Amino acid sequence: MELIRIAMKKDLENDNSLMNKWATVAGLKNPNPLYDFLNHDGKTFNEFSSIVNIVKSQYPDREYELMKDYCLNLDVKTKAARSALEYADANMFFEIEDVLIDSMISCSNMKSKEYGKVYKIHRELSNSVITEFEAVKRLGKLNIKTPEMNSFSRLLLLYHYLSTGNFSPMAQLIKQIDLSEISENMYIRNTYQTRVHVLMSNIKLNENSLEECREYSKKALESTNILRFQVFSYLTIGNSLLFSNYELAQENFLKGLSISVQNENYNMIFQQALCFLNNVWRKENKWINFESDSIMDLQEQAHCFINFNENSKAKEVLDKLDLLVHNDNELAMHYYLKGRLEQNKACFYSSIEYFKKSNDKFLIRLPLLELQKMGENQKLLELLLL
């Protein structure tokens, strides 16, 4: 018997009216399938939402431990296990996901085998085990039959383009996703619906359509109860505000921090966001990571030192950075910083140039702002955001 059923029975003896509270929370028409779930091994709810919502409602603090246990006892050939694969991925529960994938790739059920292989491609692409060219090649060769995996094959690519800064294929790819084709699995349909709204929000951020960006993140938030999509919606909203409204940006980053502080990753993500925000607005910065030697944290150190005319301190950090291999995006920042330190238009021009190479219509504001202050034509600077 799974930890979730043990905990639900122990809590059912102390409080007998939890039966109809859980049946409503699970979205069921009567307590019937919930009864089945408690007294017969392997009886799974028609929709995976049912158990998720119960766990979130009743054991919010224990979600990972309980869901891990439940998921890893699931018959890998059922609809519930397929739902579990999505649930693990959505939540970034990698150890659950990888076990599920591994049994699914070589099982007798054809539908489970397909989800298995598609999610494997996603995992491999995320970790740089394979190139994008090999991923798409392998996806073609699967002859994908379910509309679920048909959507996920696009989403998986969308994630990869987003994290490598390769924005241009995104707008066209997302328009091809059609979730209305997914009819058997409502958990997957809705989770994917959330995935799409956050992805849309991000695309809009990159094209500098800031209101639309926020409109899409709000749709994301209203569509989900998964921490991960909430984290990234708050992050995107905050970013969409980074240059225009300090207070509202800060509020969004702190909101995100507050729901996610428990998790080291999410914590760091909001720490970095707050750090950026505070350097952009030239405030005192309690969020600088003095212990990291990554390029991002060092640039923030520099940016801060420069903001406060701590010029010698800036130079040391800039010296440390000139020894590190920069990509196009990181070089754009480098030139921005150099430009600020030496008050040199040429550096801002190079900054613009590299932001343009890396297709960044966001951070490019930094060198554009400096040029404005130096009296360059505001009309031209605005067109450079286009």
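Positions refer to the first chain, counted from 1. Think of the rigid core as the biggest set of C-alphas that the two forms share within 1.5 Å after superposition. First, how it differs from the form deposited with the DNA bound.
- Lining up the core between the two forms shows that one residue from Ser244, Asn265, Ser312, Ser168 moves its Cα 2 Å or more, and that residue is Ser168.
- Superposed on the core, the two forms barely differ at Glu212: its CA moves less than 2 Å between the two forms.
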Contents of the next structure:
There are 2 protein chains.
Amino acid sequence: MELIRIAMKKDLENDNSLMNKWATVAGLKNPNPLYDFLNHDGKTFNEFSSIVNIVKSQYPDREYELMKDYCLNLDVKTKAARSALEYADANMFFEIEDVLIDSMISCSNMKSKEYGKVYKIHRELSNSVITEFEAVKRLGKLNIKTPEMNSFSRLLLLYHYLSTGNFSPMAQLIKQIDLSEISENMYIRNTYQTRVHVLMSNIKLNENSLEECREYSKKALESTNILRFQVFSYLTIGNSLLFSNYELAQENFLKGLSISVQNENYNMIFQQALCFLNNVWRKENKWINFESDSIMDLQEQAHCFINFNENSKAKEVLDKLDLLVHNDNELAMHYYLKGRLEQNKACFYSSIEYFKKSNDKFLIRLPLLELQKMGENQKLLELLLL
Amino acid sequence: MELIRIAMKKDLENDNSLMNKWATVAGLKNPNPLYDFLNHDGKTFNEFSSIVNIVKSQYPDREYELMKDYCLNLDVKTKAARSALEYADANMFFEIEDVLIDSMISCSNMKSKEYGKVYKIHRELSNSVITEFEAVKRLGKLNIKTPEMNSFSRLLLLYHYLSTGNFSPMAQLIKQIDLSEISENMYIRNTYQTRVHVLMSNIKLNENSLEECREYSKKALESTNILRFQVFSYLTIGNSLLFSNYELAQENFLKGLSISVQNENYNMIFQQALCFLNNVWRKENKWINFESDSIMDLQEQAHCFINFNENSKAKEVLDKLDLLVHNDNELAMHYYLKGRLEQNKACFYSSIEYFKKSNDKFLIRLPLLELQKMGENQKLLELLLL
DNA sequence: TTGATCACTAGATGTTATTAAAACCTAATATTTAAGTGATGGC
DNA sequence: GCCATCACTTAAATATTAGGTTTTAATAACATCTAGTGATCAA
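In place of the form deposited without the DNA, output the structure of the form deposited with the DNA bound.
Up next: the whole complex, starting with the chain shown before.
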């Protein structure tokens, strides 16, 4: 017996009004399916949101514990397990996802096998185990039948494009996605709509269409109850304001932090966004992570020191950074910081170069802003953002 | 009997020294395979360069007529037909290519079928009949066996990226290509090496690494006897010099013009390049096409007039142009010309904006060069090329 | 009588098992190639 | 002579075929779901 079923039986003992409340939370017209759920092993809901919405309404702080136990006991050959796979991936519950994938790829239900194989390609691609070319050839070789995996085969590519700064094919590919063709799995259909909204938001951020960016993140927020998408929406909204409005950026990052303070990963993401924000605006910075040796966190240390004319401490931190293997995006920040410290325009030109090499039309604002304050032609600097 | 065989028999009648000359032109140690070629229907050469090199040496002005007749009589189940397919594609002989493809996709030799299907995807992709996504899914579904089609499956993608200005995935993909794995078809192997050189040249041009660009096109030239690659290599070399080195750009364009002035496809290419060159350098310009009413040719007219302070003739030409439907690229030149004529910088900023909207990293050099000559920050202008 | 619990139901959704027909190896068998050899035969 | 022509030839590189898997597609057979119904049992 699954943890969720035991917990629902206990709360029923203490309060016999619950089954009609839970039925409406689950989108059911009467609670007869809930009685069967508690009394009979292996009984699933036709739509996965029935159980997800009860867990979020009744056991919000135990979602992981309960849904992990529930998902990992599911018969992998069912619609419910297919829904669990998307649930796991959307919530970034990767230990759950990878176990589901590994038993779905070997099962004899053809739909579950296809979903499992498609999500495995996504996991392999997002972890740089395979190239984009290899991934899409594998997708073609699968002979995809379901409208669900037809849509996700495009979404997983869009995530790869985003993670590698390859924005130009994104607009055309995202337009091909047709969620209206999905008729079996409404849980997946609705979570994919959320994913589309957040991807559209990130594309607009990249195009520097900042109002549209916010409108898409707001659509994402209205369409979801999933923490991961709420987190990345607030992060995107805040990022879209980072160079123009300290207080509104801060409000979005503090909102994100307040909903995610209990999760170490999301906590640290908002701490890092607040840290970046306070360094951009040259304020005192309580968010600096002196314990990290990652490139990102050391750069913020240096930035804060330079902001306060603590040049030996800044130089110490850059000497530590000189000894590390930077990617192009990392190098661009490195040159921005060296430029601020040494007060040397040449570094800002290299910083801009490396931001252009990493297709970053966002943080490039840092060296552009310095050159603006050094008196360079504003029109040229605006044209460099394009 | 194929036309080439009849022609070779005729020239033998008039001059009985030819078979040993032809054997060495064909890379053969003795001419016994040539005797068999003339005397026995369906006898092919182990390497397709044997026949191609004879045709280019003895019948240079009849290459199309002869090779068309030869290719279209070939048994499509052979190595020779597979070579002919690449020959047709490299030379842009599309009527020949599409007939070969159509009989190869239906034939019962598994290698020819594979080559035929891969080239069909290439033809469909380069004609925008399918998307890149659909193309590579089809490639994966083919289950490619041959090293040749493994390499070409990457090359055909690289061409798509190039034609759509999507340069960022090019460097990573081209590195995966491994020509040393090809052991069967040396004609294909060597033509693909040429193709790699010219793609490398275009990648470097896009990165604004102009010396490297030239080095790759020069390697392409030395590796080929195929007019298409010679043409596009001289065009690229000259284009890489257009804004910086008049005499060298001119020399490359005149070479290109020399080899292509007789040929309807390519003739105009170098006339247009010479026209652009002479307008950039503000010289007398015999290459202006007053007979065209295309937007590009009228813009060149206006440019030449403004270069010589012929302002009423320039205004006449712009009044004609005002009345036409411009795309973004055309608008960018429109603003460049307005800028030169009316002598204000503001127009050069709009010109640059519109070049950036049409992803043109080439003609953008026109307004950048004016701003450079007006004394603006050269580093910023260089950074605008990226 | 309320109301909670639960096993029935029907009809729509989902899942599995059965085929037959395509497709894919692969390894034997057979064919075709380049480049020596030696026969004609016209000078 | 001695040189062009060209059928043999060898062994290496190519092409074909026939077979037995495996893969794929379609659908008939089976099962599970929601949301009504009506039984108990408890006030």
